[PDB]
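Undergrad: This is what each chain is made of:
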Amino acid sequence: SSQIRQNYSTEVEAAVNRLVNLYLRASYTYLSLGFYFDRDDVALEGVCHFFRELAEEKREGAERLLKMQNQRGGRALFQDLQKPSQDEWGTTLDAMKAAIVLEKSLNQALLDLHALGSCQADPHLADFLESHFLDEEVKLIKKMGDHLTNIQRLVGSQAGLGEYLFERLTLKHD
Amino acid sequence: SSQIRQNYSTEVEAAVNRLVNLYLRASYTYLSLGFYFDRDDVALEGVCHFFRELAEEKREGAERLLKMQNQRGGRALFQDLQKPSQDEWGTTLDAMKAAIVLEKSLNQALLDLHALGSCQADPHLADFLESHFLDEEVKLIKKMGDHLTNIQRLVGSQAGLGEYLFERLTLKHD
Amino acid sequence: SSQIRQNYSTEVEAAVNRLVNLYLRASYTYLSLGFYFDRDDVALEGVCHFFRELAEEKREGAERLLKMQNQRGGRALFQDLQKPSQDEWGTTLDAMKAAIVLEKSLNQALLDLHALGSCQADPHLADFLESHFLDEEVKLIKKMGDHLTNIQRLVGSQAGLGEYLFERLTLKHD
Amino acid sequence: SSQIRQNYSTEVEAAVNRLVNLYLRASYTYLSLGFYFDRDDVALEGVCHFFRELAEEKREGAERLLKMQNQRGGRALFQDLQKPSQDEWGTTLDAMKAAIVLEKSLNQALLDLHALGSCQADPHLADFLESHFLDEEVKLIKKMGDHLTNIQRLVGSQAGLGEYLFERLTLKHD
Amino acid sequence: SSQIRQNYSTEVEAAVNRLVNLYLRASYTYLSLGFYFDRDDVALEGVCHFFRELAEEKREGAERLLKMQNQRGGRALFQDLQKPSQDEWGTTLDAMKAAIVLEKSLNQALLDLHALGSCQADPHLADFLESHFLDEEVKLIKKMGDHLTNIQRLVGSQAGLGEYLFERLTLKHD
Ligand SMILES: *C1=CC(=O)N(CCNC(=O)c2cccc(O)c2O)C1=O
Ligand SMILES: *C1=CC(=O)N(CCNC(=O)c2cccc(O)c2O)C1=O
Ligand SMILES: *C1=CC(=O)N(CCNC(=O)c2cccc(O)c2O)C1=O
Ligand SMILES: *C1=CC(=O)N(CCNC(=O)c2cccc(O)c2O)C1=O
Ligand SMILES: *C1=CC(=O)N(CCNC(=O)c2cccc(O)c2O)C1=O
Ligand SMILES: [Fe+3]
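Chains as they are written, first to last, in our numbering: chain A, 583 to 756; chain B, 583 to 756; chain C, 583 to 756; chain D, 583 to 756; chain E, 583 to 756.
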């Protein structure tokens with residue numbers, strides 16, 4: 583247990599368990615966003631697929647953190663997963679704004695954990711976040727910003743038409 | 583005849599012949615919907631193809647019911663096929679609303695026959711409808727509802743443009 | 583919304599949202615079981631892999647239920663996901679007993695929802711559970727019972743040796 | 583010489599030559615561990631192969647450090663390689679405990695050199711250790727801890743039987 | 583040097599070095615146009631790709647001119663590359679108008695150098711420009727004019743919608 587643990591502070595161990603909770607909460611928020619856009623009275627398949635893929639990416643991030651907790655000899659502790667902030671998510675524009683708010687809060691949590699790791703002279707934690715999380719988040723936040731600008735340009739004065747065209751011509755669908 | 587019939591009531595036999603008539607009427611309604619959208623003054627190929635494929639699916643449902651009538655020892659009886667309710671079907675939105683009304687009436691007829699079969703303790707009929715009809719209808723009704731929501735969002739204030747874009751970007755065409 | 587909903591009671595809609603919560607809670611319990619057996623001071627890879635695969639199967643069950651909620655016109659509502667019942671799971675025998683208790687509680691919830699669906703004459707719900715859930719649960723519960731009997735026969739008077747051999751020779755590992 | 587050297591302190595250059603010595607000493611310790619388990623009166627092939635592969639991994643680490651010394655313009659200096667701490671290594675459990683002590687001392691030396699590099703604002707050294715050494719050591723230390731727990735569970739009251747089974751069923755052999 | 587130079591005037595040699603500067607300035611202007619359309623608050627990928635490909639075509643033109651300078655025995659001389667005329671490029675319509683102004687100025691410089699070469703009875707220079715530059719520029723200017731007409735027809739009264747559709751349906755993108 584303590585049989586392998588070396589240079590791994592209790593502060594980092596607890597912040598990693600909190601980061602796992604935040605990634606699994608973000609995966610749950612994306613599950614709810616994906617099934618909202620699969621409602622027959624919303625019916626934007628490309629938007630459903632975009633959020634369901636992010637639910638899987640965030641679960642994968644949590645699982646990588648949990649593998650790392652165990653590689654360093656810390657102990658995974660799970661807490662309840664709070665339900666998402668909304669039950670209905672509005673338009674694609676509202677949803678994409680909520681998603682970029684969620685990603686910036688995950689990014690800030692990564693940055694905060696990097697700072698704590700660097701303060702405690704834990705370079706394996708710092709490099710783990712730099713290699714597997716920080717650029718994934720910057721790439722994702724840039725894609726969401728590019729989508730938000732396109733959705734915004736499409737609203738104009740024909741909001742239904744623009745929402746359809748963005749789903750059909752930007753987002754991946756069957 | 584009576585050489586194979588077992589646990590198959592006269593009530594179920596007659597309701598199956600009525601259900602065959604309803605499926606063949608729905609296939610005829612879809613034949614008329616498909617050729618209306620092939621008119622040179624309507625000219626929405628994807629909508630024509632969507633309804634012509636449903637005419638074939640409903641004929642196939644009728645043929646499965648007729649095969650089942652004979653597997654159970656009942657006797658297929660055919661009645662006249664009433665012509666469709668309309669000679670011209672309006673816009674894609676009008677047509678898709680008429681199609682979901684038609685499917686909900688077929689679905690209710692399936693549900694009614696399931697109830698009659700379960701009341702008469704005929705589990706082969708009940709499982710036949712559950713395996714081959716009830717989820718096909720729920721899947722189709724959900725696809726029609728998703729289309730209706732998309733067509734509705736596209737009308738807005740440029741109805742021609744929206745009808746074209748839905749046909750070009752949602753429905754399958756050459 | 584109500585544009586497609588037919589023969590789908592508010593009672594079934596709410597029980598489906600509760601069943602989704604139970605499946606996602608069982609997936610979370612299995613995530614915790616999988617990472618406990620990946621601890622360096624537990625270190626039973628085959629047991630970790632057995633529970634991590636069940637975490638994915640239970641998430642998949644929840645996602646099938648949510649797809650069905652939307653196919654029938656109900657509205658997915660999510661609640662908090664309660665953390666698992668334990669933070670540490672003991673031996674493989676303790677873990678496998680907790681898993682069969684969890685599966686029998688999911689099974690009973692399926693049976694209860696089947697009864698509610700049959701009472702409300704909702705054969706699409708009943709057949710959905712029969713086709714995609716009831717035999718999966720009976721197969722899984724039988725595999726867990728076969729494992730429990732093997733783990734029990736292996737304890738005898740050399741419990742460490744038996745736990746190792748079961749992991750190495752029954753469970754799938756690298 | 584000084585023709586390419588830039589931002590590379592004498593302190594880092596000497597600590598890299600000491601780290602090369604520690605990696606080549608650890609490779610020699612593993613050569614001795616591998617041939618001890620190939621003795622006809624020890625005869626645990628999987629344990630021999632596990633340590634002989636680590637002798638090659640540690641030589642490879644030393645060679646990467648030496649390539650880096652030259653890429654940065656420092657000068658490789660070699661010292662004597664002290665013989666291993668033991669001539670006979672006891673049981674697999676004793677050997678695996680000595681190996682995890684050796685790896686934690688190499689890991690601490692990596693961490694110490696990272697700190698010196700970060701203090702002297704040498705990010706190429708810091709990233710070199712983070713990319714090629716720190717996670718390799720954390721992965722290896724976690725595998726050794728998982729093995730130690732399995733070997734410990736196998737001793738119980740039949741130590742010979744457990745040592746055989748671990749070699750046969752965990753470690754790679756012909 | 584003068585070892586190979588034949589029929590190659592100092593006037594042509596200096597005008598070729600000025601033409602290289604103009605092509606490398608046009609490549610830099612296109613680099614800036616490409617990265618402007620990759621901004622998250624502009625986000626038109628097809629427009630970014632169209633200008634980044636032109637940055638490479640103009641660098642290639644400069645490199646062909648420089649190879650020719652050396653084949654004829656002249657001496658390449660480089661001057662500073664003036665930064666582009668704008669830091670932000672407005673809409674796709676503004677950008678495409680600036681691009682056709684830039685191409686007509688490169689074309690006029692080609693025509694001027696052709697005239698100087700023909701006046702000095704330098705047919706290898708004249709044929710070099712005719713074979714590798716004059717029709718490339720006429721093809722490119724015609725494609726830009728076709729794009730400008732399409733972008734103009736799309737503005738109408740819904741400028742955002744038209745800018746999106748042109749990028750999605752004319753320009754090449756992922
Ligand atoms: C409080 C702990 C501490 O030392 N301090 C600085 C940690 N360093 C960084 O945050 C940092 C960020 C990016 C790259 C680096 O190399 C780096 O050291 C605190 O926050
Ligand atoms: C009148 C006949 C009868 O018994 N009664 C109930 C038939 N049962 C169902 O309709 C039903 C629906 C869905 C699943 C079941 O298992 C089921 O028994 C009548 O309608
Ligand atoms: C209360 C509602 C009701 O009618 N009742 C019976 C529902 N039927 C079943 O539970 C059942 C179970 C298995 C197969 C069947 O066909 C079936 O009808 C209630 O629980
Ligand atoms: C003495 C030199 C110095 O500045 N100090 C800190 C060096 N920083 C770290 O050790 C460190 C560890 C992990 C990630 C970082 O970004 C980081 O700066 C000393 O030890
Ligand atoms: C001043 C030099 C000169 O003679 N004069 C004419 C050069 N000729 C052309 O410009 C020309 C253009 C296109 C085809 C030709 O064959 C051609 O000679 C000057 O400009
Ligand atoms: Fe640092």
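You may find that some hints are simply not true.
Identical copies look the same in the list; a pair holds intra-copy or inter-copy alike.
Unchecked claim - Below, computed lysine-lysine pairings styled on DSS-like, alpha-carbon distance capped at 25 Å:
hint : residue 1 : residue 2
1    : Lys754    : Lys665
2    : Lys724    : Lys679
3    : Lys686    : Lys725
4    : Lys724    : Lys649
5    : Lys725    : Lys754
6    : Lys754    : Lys686
7    : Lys754    : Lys679
8    : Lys686    : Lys724
9    : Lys754    : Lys724
10   : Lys721    : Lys754
11   : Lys679    : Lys649
12   : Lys721    : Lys649
13   : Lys649    : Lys754
14   : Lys649    : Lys725
15   : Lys649    : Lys686
It is worth saying that the hints were derived from the structure and are not from the lab.
Undergrad: Run every hint past the structure and note whether it holds.
TA: Against the structure, the hints come out as follows:
1. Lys754 with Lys665: Result: close neither inside a copy nor across copies, 27 Å intra and 34 Å inter.
2. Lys724 with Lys679: The answer is within: 13 Å in one copy meets 25 Å, while 28 Å across copies does not.
3. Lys686 with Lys725: Only inside one copy: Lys686 and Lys725 sit 13 Å apart there, 35 Å across copies, limit 25 Å.
4. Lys724 with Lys649: between (27 Å within a copy, 11 Å between copies)
5. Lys725 with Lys754: both (13 Å within a copy, 18 Å between copies)
6. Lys754 with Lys686: Close inside one copy (24 Å), not across copies (31 Å); limit 25 Å.
7. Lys754 with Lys679: within (19 Å within a copy, 28 Å between copies)
8. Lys686 with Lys724: For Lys686 and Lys724, only the intra-copy Cα distance (11 Å) is at most 25 Å; the inter-copy one is 33 Å.
9. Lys754 with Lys724: both (17 Å within a copy, 20 Å between copies)
10. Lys721 with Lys754: both (17 Å within a copy, 22 Å between copies)
11. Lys679 with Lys649: Intra 31 Å, inter 23 Å, cutoff 25 Å: inter-copy only.
12. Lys721 with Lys649: Close inside one copy (23 Å) and across copies (11 Å); limit 25 Å.
13. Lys649 with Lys754: between (31 Å within a copy, 19 Å between copies)
14. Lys649 with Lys725: between (28 Å within a copy, 13 Å between copies)
15. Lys649 with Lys686: Classified as both; 24 Å inside a copy, 20 Å across copies.
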